[PDB]
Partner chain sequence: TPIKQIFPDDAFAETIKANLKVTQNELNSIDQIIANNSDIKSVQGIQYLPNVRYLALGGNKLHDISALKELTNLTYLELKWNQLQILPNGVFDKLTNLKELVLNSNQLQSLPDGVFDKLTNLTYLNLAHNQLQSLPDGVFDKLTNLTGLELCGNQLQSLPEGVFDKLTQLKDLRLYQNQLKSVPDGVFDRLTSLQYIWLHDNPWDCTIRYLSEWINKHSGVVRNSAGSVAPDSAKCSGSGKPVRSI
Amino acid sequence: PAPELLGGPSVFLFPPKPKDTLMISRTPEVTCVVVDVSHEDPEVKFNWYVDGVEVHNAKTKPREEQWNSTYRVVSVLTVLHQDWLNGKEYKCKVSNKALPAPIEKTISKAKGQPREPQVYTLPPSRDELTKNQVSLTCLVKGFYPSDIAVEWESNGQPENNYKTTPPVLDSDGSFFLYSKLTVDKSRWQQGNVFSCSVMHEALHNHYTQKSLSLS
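Give just the one chain, in the form solved without its partner chain, as a structure.
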């Protein structure tokens, strides 16, 4: 449908981290990266539009020389947490002499009705208690959109050794995922408490946690 472009700089527009959009102590940023800027036309211009309304206040970094002898230039627009969640479009317009016409890229939060995750912690299987380490599982399902943050905690500090699957599309159009916390078996049997924490837009205070311990 769209006739393909020739050489020239290229533009990549990146959204904010989910966890940054949801906790108000954090500062979420939209990031507009221009690569393949030649030394012959190294000057790059960033215009930034929210829903159509130009904004200024974007903080443009200075061009950095890449190992392949091209320039790379980043512009970082700080975003208001609620503007992102209400789903306002963010537009990076990149202008440069090697471009016949400026390049525009747009991003926004995935559209669709938000849905609250259900969170269930699952102890280690009985068969696993044979091993030196064991697996505490946190199942998170029924969420939409797929934007989410999941962490494990214990005694107020973040647990180290955990991996979380990518979001998977369940058959009702919602998403689930699983996160696995691996701990030494001593800590489980000695009876410490482990929490699985979940941040998602459709939860009250964008937060919930669920405890897990032996009994």
Given for the second form:
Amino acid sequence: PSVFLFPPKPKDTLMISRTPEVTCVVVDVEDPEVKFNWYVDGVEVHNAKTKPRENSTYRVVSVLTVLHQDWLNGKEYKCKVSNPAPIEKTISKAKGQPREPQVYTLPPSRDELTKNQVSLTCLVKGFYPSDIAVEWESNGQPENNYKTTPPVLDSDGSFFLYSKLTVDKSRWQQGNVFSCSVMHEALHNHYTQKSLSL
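Can you switch from the form solved without its partner chain and show the form deposited with its partner chain bound instead?
The following holds one chain only.
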């Protein structure tokens, strides 16, 4: 009977058009029946779900919907499983004073312009906490051939990351303008957009 607690996806706490949620997860556990009580900020809630179950892996999961900006506000989420005695575990957004991310866009190395497709990169340094969303887009529509590294702890005690978008060099060299969009709590409107072109 091992229990874990996993925070919502940053894409969901910052886009709001999506419903975030905190995922409680219990493994190990014959007796595959576990009651789940939930508490937000010390007070019990009952709106949580439970998905059908799954070595003989007891992957039974309860997901709980985040209300509005409860995550960023700093609400604390507690999951309580029962058969042992009840095992409680808590999860909350990283404490510390927020810092606004710097977003810089960085065009492909000249030495890469020998290959069928080039790499466009977005550097986002010095934000806090690490909860952050990054996406790409071209002339009104969004791109989708991009990967974003995870937050990395920096010398100054904040985070950075990079997103690499990959496009056909025919599309870079034509002068098309791509946009890196970034969503974090320390940004006005939770939002900034950086562009780069030839």
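Residue numbers count along the first chain shown, from 1. Between two forms, the rigid core is defined as the largest C-alpha subset superposing within 1.5 Å.
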Select the option from 111, 25, 157, 56 that falls at the hinge between the two rigid parts moving between the two forms. 111
Per C-alpha superposition, the smaller rigid part rotates against the larger one between the two forms by an angle in degrees of 14
Keeping the rigid core superposed, can you check how far the CA atom of residue 131 moves between the two forms, in angstrom? 4.0
After superposing on the rigid core, what is the C-alpha displacement of residue 119 between the two forms, in Å? 1.1
Angstrom shift of the Cα atom of residue 145 between the two forms (superposition on rigid core): 0.8
